[PDB]
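Of the protein chains in this complex, one is absent; all others appear in place.
Chain naming follows the written order as A, B and C, and within any one chain the residues start at number 1.
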Amino acid sequence: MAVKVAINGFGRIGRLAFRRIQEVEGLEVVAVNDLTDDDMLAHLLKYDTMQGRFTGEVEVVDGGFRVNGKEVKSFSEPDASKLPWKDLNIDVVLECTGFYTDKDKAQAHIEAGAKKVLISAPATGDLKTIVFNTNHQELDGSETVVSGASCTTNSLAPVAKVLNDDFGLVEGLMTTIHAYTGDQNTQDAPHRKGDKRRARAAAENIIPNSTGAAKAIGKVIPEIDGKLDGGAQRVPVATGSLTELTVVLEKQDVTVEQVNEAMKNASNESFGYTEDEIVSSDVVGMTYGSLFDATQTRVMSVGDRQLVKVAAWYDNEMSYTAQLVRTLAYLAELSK
Amino acid sequence: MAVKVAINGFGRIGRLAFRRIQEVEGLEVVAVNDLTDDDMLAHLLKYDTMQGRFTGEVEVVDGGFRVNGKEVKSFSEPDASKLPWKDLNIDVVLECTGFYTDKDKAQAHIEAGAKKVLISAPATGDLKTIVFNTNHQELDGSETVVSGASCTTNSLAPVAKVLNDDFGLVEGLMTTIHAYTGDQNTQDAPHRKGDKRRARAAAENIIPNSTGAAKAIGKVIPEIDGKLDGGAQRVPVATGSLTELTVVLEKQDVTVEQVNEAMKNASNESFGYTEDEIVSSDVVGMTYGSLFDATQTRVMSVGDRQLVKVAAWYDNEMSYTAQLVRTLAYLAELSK
Amino acid sequence: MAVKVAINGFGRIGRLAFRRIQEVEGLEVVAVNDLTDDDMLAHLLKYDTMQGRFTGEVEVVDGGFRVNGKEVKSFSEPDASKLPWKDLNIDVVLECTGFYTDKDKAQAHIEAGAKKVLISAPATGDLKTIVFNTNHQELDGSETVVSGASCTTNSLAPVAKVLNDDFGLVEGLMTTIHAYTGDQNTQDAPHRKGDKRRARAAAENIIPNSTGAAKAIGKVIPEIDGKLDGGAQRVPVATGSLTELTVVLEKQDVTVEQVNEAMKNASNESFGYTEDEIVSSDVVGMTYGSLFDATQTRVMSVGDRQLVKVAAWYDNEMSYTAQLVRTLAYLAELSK
Partner (left out) sequence: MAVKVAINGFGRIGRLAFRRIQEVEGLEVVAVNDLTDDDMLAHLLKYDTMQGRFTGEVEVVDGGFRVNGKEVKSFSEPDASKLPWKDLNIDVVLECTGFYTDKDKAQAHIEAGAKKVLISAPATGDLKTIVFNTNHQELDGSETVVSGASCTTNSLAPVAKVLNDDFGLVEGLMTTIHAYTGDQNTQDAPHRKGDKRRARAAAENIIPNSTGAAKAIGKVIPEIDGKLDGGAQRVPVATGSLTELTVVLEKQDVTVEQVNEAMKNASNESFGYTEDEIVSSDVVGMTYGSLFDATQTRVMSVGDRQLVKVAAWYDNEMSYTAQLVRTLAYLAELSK
């Protein structure tokens, strides 16, 4: 029998993690918690605007919903500490609500009976922040709370690591041209968090916004802590994003071909490499955490001084989710 | 000195009502209530994605904000019954939160000290529902709570009235191809009201939805109560909407020219008439409650049996708001 | 060996017909003609914004491109009469350029050597217009030029037939809320055809437009010729469309349940039936020609007089394409 997973917050990441977990043996979602009725949950699992119809069968049943014959218990409890995790034998909670993004707060799940908690976002507190295939080996299995970092962090980390390992990273600035997300308002309206830019119509604007991804890349790659920073422009695509990274390197006389070859060599199931002139919708549903795009590599040289820019695609939904589920699996396998 | 208006809910309609009130003498907004800080409020008044920069000067001051030298007191009180309306001499509350859409609930403003309440939506309970220039003369000045109807009701009313007055309305069905609004989710997510369609990405879908507009047109035009019904398709424009009305008329041998001439004759500052082949973005900001579009008139005749279809544009924002503020002005003038 | 297909115009419908043909045994595309280089053709086959990555392998070769090991000859010839159809043994041309939508013009392919021509649109001239599973049996195999009708015609036909067969169709009007297409301008600009509405920014507007679908439904269902008419509102989704049909029926005391059951009974691989509260993106990629949506049925009754409204979803792209390919297959099978 599988590792028993409970998803807290059946949102974009929660539901896609659910879908992704269907295709990973030894992981089962036995429970889902949100703030809504079961008809809504089943409906949002079946139908997904950007990610497509769920392929299996979804049925509403007493106390939850059944997916391909398998019963998922569901709950409507805003306070995680009151969830029946001890009774259900939860091995790991995928904390995907956006409201427990901190070690202390996530501990609610451990009190409620979960053995571990993996947060679908950056989190404050004394915990590890993990981008799979960049630093997942920093896990030893004894962690009770882990962060899977952010989508952007997952797109950035393998890129920054190659730049650092192969060229020496001096410093850099990043912009992610990022799809709009649920914390953005549909029409211009007050924003819960006081952000005057997330306050504006999501799908009608280029919207500058913050992110920690680059500032907190040091949590994932300690040897470059403090060397990156940058922000985001939220733009009107519902999913699919691009990280542009502009860097100063230690190596001199760096060429486009050298940067690209180095990226290619470091490719794996988390870090994709393409030379095709693709655009954002081509990466919707992709399971790479980061797709390095060699067509966008630039090297500006003035005398002995070089700036190097690179760009990596990610589906800020599915790319992140696939990374999150890998980390989940690995976290489980090490714990047993 | 002016009629003293308080806007409850500085939302899309609230803020646009504020802007529209700036250009109507004898009306002042002296107070605004919402659920946010003053920086947000001032910012959302200044900048508006679809409706353009606010032309005057907006400044944050102690206890509110100043618009062109005029002080607006602001509040952060989700329970209307606790607002200082008595102390401020509120003559009318523009109820624009979407949460007091019922005579009894809106009564909280009366208890708080407001003389009158006008609700920016259809509302249940023993009150009048008013589309300016279609039934505003049903007001006598003694009403304490009034509904300004919906945007769709305001687009539909003058059209249905002409159809009825001039041709006899037997029955009809309506569809409004309607811009998305703030009650719709940015990304597929749980919907507060359990509506599986309003739950979906607002700007990425054709989304079928309900409305009362047609079913409750009887509140505005009693002589055609129960003769209309229909729904909405929410589509990805951030504002600007079209109402398509398909009717069976008692008059025989009706022609396109007849329908069109009849609409033109009935035109005023609430009901515009056009023969130009416009599209939705051409009516953004317009102050007609309803723009009859003659180019879309159709008459299908099979023997003696005719179906007649017409279409009317409205800016679900500014068109409704202009109607609302006319009704507010009139309600005030009759009260004195 | 398969029926030998040439696709003229590797556009939206051309490429999707290509994809669809890959999964239908006894049909092969041996030739493609457009107005561009092979790199472009291959690229647009591989990547598709709304329809997803092509699953197989696509490679540019000398004189064309190779798909999963199979060679496709390609051409760049604007005058179809000059195509090497005789030399290539073309059994059927999928005419998908939008520029040969007439029997006489399409004859260019017969002169160039193709045995038959099937047009991806309504076409003038002495030829048959075919919606698969509604009137495809009107084909005997001796036709040299055939039209596959339009996307709208395919969504409307099975619906209209069931209304007529089961209830008696007196008359009706139709609106399709339709995704924007390639003959719509990106930004407001002159339009090649003089259409002041198709001239406007496709993805920023609700745009009223014509269609023949309903006026020429008589070509597909002769027994209701002249009884339907209507138009379109083009809206900003890149694909996925909805047909609303409002009708007068002969049968009295018709209920929603009756209309819905009658539609359900008529369902097949061309005509789907759903009771789920889906939205346009849920039909992207679907292969039904028409998805009847029971949640949108309405019956308006005033005394003895009834209006009945129904709505059917279609992917104006894939739904039409799947229909087109079925008709192509059938046309081939009857010819041999």
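Keep this in mind: a residue touches a chain if its C-beta (ideal position, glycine included) is under 8 Å from a C-beta of that chain, and two chains touch if they have at least 3 such contacts.
For the chain that does not appear, the touching partners among the shown chains are A, B, C. Among A:135, A:150, A:241 or A:270, the one in contact with the hidden chain is A:241.
Residue A:197 is the one among A:66, A:197 or A:264 that touches the chain missing from this view.
Summary of contacts with the chain left out: across A:24, A:173, A:262 or A:334, the touching residue is A:173. Only one of C:91, C:143 or C:204 touches the chain withheld from this view, namely C:204. Summarising the interface, chain C meets the missing chain with residues 10-12, 34-37, 39-41, 43-44, 47-50, 180-182, 184-191, 194, 196, 199-205, 236, 238. Interface with the hidden chain, as seen from chain A, comprises residues 170-173, 175, 177, 179, 196-197, 200-201, 203-208, 226-231, 233, 235-237, 240-242, 244, 246, 248, 277, 279-281, 293, 295-296, 298, 300-302, 305-307, 309, 311. Residue positions on chain B in contact with the hidden chain: 43, 46-47, 49-50, 52-53, 276-279, 281-282, 284-285, in rising order.
Everything below uses one rule, namely that only the chains that are shown with their structure count from here on.
If each chain is drawn as a node and touching chains are joined, the picture has every node linked to every other.
For chain A, the set of residues that touch two or more other chains comprises 43, 47, 49-50.
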